[PDB]
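Q: Below, each chain spelled out in residue letters.
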Amino acid sequence: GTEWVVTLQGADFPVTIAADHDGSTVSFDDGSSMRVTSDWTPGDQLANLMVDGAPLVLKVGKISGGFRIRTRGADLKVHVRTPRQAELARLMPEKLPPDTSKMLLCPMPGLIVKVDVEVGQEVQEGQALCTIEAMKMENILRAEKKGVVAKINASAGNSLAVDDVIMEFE
Amino acid sequence: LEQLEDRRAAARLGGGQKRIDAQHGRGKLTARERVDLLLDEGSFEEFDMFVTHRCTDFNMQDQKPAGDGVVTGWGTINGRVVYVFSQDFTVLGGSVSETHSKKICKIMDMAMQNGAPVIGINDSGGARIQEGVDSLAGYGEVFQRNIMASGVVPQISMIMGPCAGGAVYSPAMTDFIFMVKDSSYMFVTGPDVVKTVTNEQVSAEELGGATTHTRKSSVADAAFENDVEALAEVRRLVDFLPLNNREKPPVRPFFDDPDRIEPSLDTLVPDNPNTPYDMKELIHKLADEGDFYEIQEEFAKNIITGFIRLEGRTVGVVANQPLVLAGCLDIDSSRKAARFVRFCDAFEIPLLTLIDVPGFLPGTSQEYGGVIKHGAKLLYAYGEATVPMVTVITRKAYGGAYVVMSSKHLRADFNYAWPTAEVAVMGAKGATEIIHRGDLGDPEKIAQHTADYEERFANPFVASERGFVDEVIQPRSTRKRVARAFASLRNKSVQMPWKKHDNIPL
Amino acid sequence: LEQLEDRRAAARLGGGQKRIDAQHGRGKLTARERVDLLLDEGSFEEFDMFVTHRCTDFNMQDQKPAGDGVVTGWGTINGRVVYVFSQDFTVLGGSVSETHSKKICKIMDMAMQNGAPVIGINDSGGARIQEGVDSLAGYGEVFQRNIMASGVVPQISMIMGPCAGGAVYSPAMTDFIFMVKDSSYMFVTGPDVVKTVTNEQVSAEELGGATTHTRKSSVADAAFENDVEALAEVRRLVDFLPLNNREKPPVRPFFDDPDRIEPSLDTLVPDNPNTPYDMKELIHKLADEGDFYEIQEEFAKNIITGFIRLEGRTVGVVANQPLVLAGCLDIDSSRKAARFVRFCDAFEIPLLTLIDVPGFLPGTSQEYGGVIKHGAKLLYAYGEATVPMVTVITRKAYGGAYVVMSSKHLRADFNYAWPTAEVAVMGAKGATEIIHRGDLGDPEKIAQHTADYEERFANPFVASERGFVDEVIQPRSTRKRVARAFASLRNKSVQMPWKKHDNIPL
Amino acid sequence: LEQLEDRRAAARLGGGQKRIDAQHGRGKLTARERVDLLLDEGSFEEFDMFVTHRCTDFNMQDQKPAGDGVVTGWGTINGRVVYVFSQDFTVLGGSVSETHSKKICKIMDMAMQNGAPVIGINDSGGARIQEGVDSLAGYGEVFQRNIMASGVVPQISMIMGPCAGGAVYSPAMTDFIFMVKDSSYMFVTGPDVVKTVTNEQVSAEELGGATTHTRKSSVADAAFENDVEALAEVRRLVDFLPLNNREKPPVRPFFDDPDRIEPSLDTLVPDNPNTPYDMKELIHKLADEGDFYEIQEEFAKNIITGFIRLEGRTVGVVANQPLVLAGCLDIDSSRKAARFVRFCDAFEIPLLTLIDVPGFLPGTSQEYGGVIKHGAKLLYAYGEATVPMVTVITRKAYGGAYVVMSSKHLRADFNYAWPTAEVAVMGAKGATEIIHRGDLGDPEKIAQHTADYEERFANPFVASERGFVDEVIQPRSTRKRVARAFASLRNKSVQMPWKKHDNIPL
Ligand SMILES: *C(=O)CCCC[C@@H]1SC[C@@H]2NC(=O)N[C@@H]21
Ligand SMILES: *C(=O)CCCC[C@@H]1SC[C@@H]2NC(=O)N[C@@H]21
Ligand SMILES: *C(=O)CCCC[C@@H]1SC[C@@H]2NC(=O)N[C@@H]21
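Protein chains in written order, with full-length UniProt numbering: chain B, 512 to 681; chain D, 5 to 510; chain C, 5 to 510; chain Z, 5 to 510.
Calculated directly from the structure, the hints in this document are not laboratory data.
Calculated cross-link-like contacts (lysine-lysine; reagent style DSBU-like; alpha-carbon spacing at most 35 Å):
hint, chain 1, residue 1, chain 2, residue 2
1, D, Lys110, Z, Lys504
2, B, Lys573, D, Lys185
3, C, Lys503, Z, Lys503
4, C, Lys289, C, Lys484
5, D, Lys252, B, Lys573
6, Z, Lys252, C, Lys496
7, D, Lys504, C, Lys496
8, D, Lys449, B, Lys647
9, Z, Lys252, Z, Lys220
10, C, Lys504, Z, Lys503
Just need the whole structure built from these sequences, with the hints factored in.
A: Here it is in structure tokens:
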């Protein structure tokens, strides 16, 4: 196709493409048109382009409907869909993350090798909490969401089965 | 005749605009809209559009909608022919009747005579009760076809609504089952009967929701965020697959180099053996443009199975995950990979097996659960497999598991090893306790006996002396090693003994 | 030379007379005595009697017994060639080495090149640790062979001692696994490791003893009282089996009549539908001389699988047991029958399927356990099977299960029915609640709506009008009907589409 | 249930006792009575006895008889399995519906899967109009089946009532068509339409009666006196035929000697060349117990096609009849033998060809009629045939015809000749007028030139010098020569080039 709809920072850009050998010419609704030129090719994690003569360096990643682009402090999913794709995608429900328990349950029946968090400490989403030793293999358990340690009830050398609450969060 | 145009447009309406909204309300696309996003823009040809059911019981004949609940036909995905059927939930709940199945059978029979995949989009309330045994027979004909086409033409199942009762058994037999995160579900018996019989009360989503199946039951291969990505991701899959069991995996351009070196790899296996590492890093760096379409990601996480391309050709990959259960092999991980292996084989897709398994997971749970049978399945798979098999052992390869992970004894082609590999009967410790009994009461003898076994056997070199490891390579060069290894195997041709079929443990 | 006679006699002594006593002490016979009772009196030819291992580590070379732990060779069972190996526990514990395997491989390779079954008598301590990876490799070659012969020549496994570790996987892949009531056991991981890793304490017999496996794990097919009957029963089994996948089931004289009538059958189905009856009664009366060799009797008891003969020819049988779980199909019953069917088909043995199933067993346990996949297996099995298939529905045939039990939609040849048969989408009750919603608040409407569905659909006649039941027969004549039905199918020949192999769910 | 017995007996009544009489009134037996005499006493197993049609138009659903117009199933003829369907004229005229055909397909599909002939007993008023296209589709599935089985399993059609419209095309494609002297008939279009479109007035019997077809159209293979002999002669026929294209002609005891001599034969060829003789005398004397089952006796009488046995094995025979058209080959004689040859070959039945043809029958009628194409058919048949081919030229073998009649150039195996044989380019007369033009004005030159061609070329010896006649034998020994000739060819195996199918002229 030639017609696409680029969906950025919550903004839709119905666009048309025409390309030959040199580069490509993207045209927007308002009649304006940019000229993209690039070395890029699938797989390249970094893209050095030349849009409207001015350098544009991006960090690329694959995503179902396009890619994850990162320019300045920017970092956003850029969906490149076709008009009917886009049209329908708009009928798709808005995903709401799962719920989190404020209780860190032990998922592997092993031995607690170390706890690197104190009571009343504040933790970042995904931060290393403790470390259970499985079968001569270390497993690092981490904060689900940012929160603050209510109470701990296990320490080095401890040996807990599944579900045993390791820590509690307020 | 613009009359034709009318009939056509009428049919396209399904159970009506009011029901279409209903559907959309559930965040669910319509049968037709799903077909629309699946197939190459304007390439869909529909069949049996005005088909009506033949029921006369329960005044069923007063409601004879066109299409009878399912949209069937063909089209292409990136120019390649594909057969499809999307159940239309808005028409009699997309309930299975004699004629609904018949429509599905026509394109299945067509997919088989022409050697092209079949994509099934299930979104049905279940059997059409009023049809009596006719609904059952309808299922039968689909089932039979599903069976005859197993390993003959790819059968990808897409569950995008409800799938209950006998129905579940069809997707069951297809090669893949994808579900849509929250709007879909499947189970043989409904939540209400589970209550009346088990006194247990549970919601459809709890009983057989996308999540329950993508990580507890072992039934689904992935749960997509919604209808749109689900359809997008399925084409992505189809792009890797061969069109049938005669041709080999498809080829396409690739902007990567078979001689790419990843020095980073040289330090992926941590020095401390109790410290994991993510096996997936390796996969990505080996995989072509770093693209890895994983299968059953959220289940049996102690093992990874997926698709990648090398020099633009599809290569299946089975690998151990140290991050979970310490890369152990267990009933579930076995069942998970075993099937993946067999599918790849049946369809001439090569296998790359990345190894780091300690042994199988201990437990009464496992033994009483039948690891003796399930565990065997993965072994059976590699034994049986005849596509090209390349293997790279990154660290641990001990005993039985060592053998099962595409060992040279299962007739794999290339058996590579990282210097950090350790192939042996069992760990130095336990090995020592068996070999040296009268020496335990001397904690320095056994402490030394182990220190020797370790120094003398925990490595890839004794295996090398034997020929079991064709070579020990520098980690950075793995992509280069493996790519050409397969390259040379493109012509591979090996014969298994004649038989109606196998008897693999169930 | 009488020197030869000496060496010979020498070898025959195994780990020596003191150990031979030890063995006998555990009520266990010796490798050689087991062989002796298995093969036709004096028909055993032994091979590699003086083979010695090639180990040099751990002073292993100072103990080079003859035979190296296993007795291999060939002989006959009722005059028919059979290949065998009996592990000699008294010799290095019958531990598996490079050379022990090799010995087993020799007769496996020979069984395949000549189309004769292989009887494996396992009674080993496990791998020969001192051999390092050579012990692993040894297992490999056995496995590979086990795999290649699957469904090509029968592989009957006899466990008469311990079977630990990788080893379990071989019998795992053979077509049958029989164990000896108390002197045998098998598990992937040892009870002691189960402790140090699960902190669970359990005895070998508890972990993987004959009972645990013939009843809980789904691994063994039967537990024999002792070494002597175990061997007698194995020959019995072999007498039914075909020697390989080329010839068809063996024939032999039979002192019974294909036209025999059992009037008793006419009252086998009880009047009250909540009252069971023993499906096995039927089996016996149909079976030729009333002989029925049951497989996995003590497992998945809600389904029966066995062998019988008709007009002196082998006929495999799958039947529903009302006595247990009310003849329901469930993960286990499914896995149990599924494999039986595939083996019988891979080996040209016809199938007789006796039906009386209500549906599948409801439950969170089942769905979370994956019935969608396991349930399918039996379906897959019948769908794939091409031997002659005859069916007799004695009573219940409802929904999905109805279809799965060798229905006519799976292309069975003869679909017979007793007048007491009831084939329908579901029970009258549930059916009614679905078909007549706006009628529940009137407990007489639904009481009547059900009374009609019951009167109009719960029977075999609607299926008859459709052709799905070739005929409704008088119970007493079943033996007569079925016998000739199979007779006329002796020439059956059906072709499944070409494919490397199937992709059946695992 | 004695309820079953009632339903059963109810069904057995067909269109009722009043119609049964009507039927019997026309000298016609009932569907079931015909089946009863066809199959080995009590060996019939009926299928789909309670099948009912699925029509809803024209109040068709108020008349839902059991069986829906046709009796299907299997049984044996002299112990050999045979599949059958007898149309029940008393039931909705034995009119073809969706379901009536389905029943026929079930046993056609069964005949093919088990390799057994299909005997079709047509006695139908034609399609079931109320069913609309479903009646058309009904025919379709039969036709298709009829086609796939052509030359794979013998298809004997028996017409014992009316057969009109598309219907005729089924028996058309079977291997044999027998009709019952006065009670049967068949034609694509009815006498009444023949009127309204041709203004020609003709009766059904005239249009397509047993006689019209057994001697004018070339459609039937024989007209039997009545229903009873019809049935009896069909089994007789079946006793000669192989059960399918895999096995070879059946064998049975034979009280006759392969070395029998018929001196009477030495004078069968009359001295005067203008006097016929009955080629059939020879056939009977050679035939085993003098038994000769003739095909299409009353048609293309200038040629004979039939079956006989030798040493108790089936042998097909094509031979020229001097008594008619002077044994000329003509469009019809050609079409008549051509197919016989092809059926015999398609089914491994050897051929014995007895020769005495002068050439082809001259005429504008022949040329405009396409002898170029029809004539070739027989040639094509022998050229293609690979079963064993023995030939005996009794007298005349001139030109083209000589070649067509299983000549040695068509790769026949034995090309025997009686001393009275005369193989040559054309007669001495004609030959002479061409070879010697400038000599006609001298009636003594040509009178002498002929006398020389006659004395030098009209015999079997010039052909013998060439090897074209393997040997010239004494007439009395023919039975002996031919019997062992075939005996020695029992192993014959010859390969034709690979191809989907032939393109023989139509
Ligand atoms: C150390 O904590 C004890 C060793 C644990 C045994 C490990 S667990 C998985 C490996 N495979 C196996 O059967 N045992 C090994
Ligand atoms: C009484 O009828 C209570 C309902 C039980 C339903 C039975 S239990 C097993 C059968 N299969 C199934 O899914 N439901 C049936
Ligand atoms: C004698 O009366 C004249 C010769 C007639 C020719 C005969 S008629 C049929 C034979 N075939 C042929 O072409 N010529 C022969």
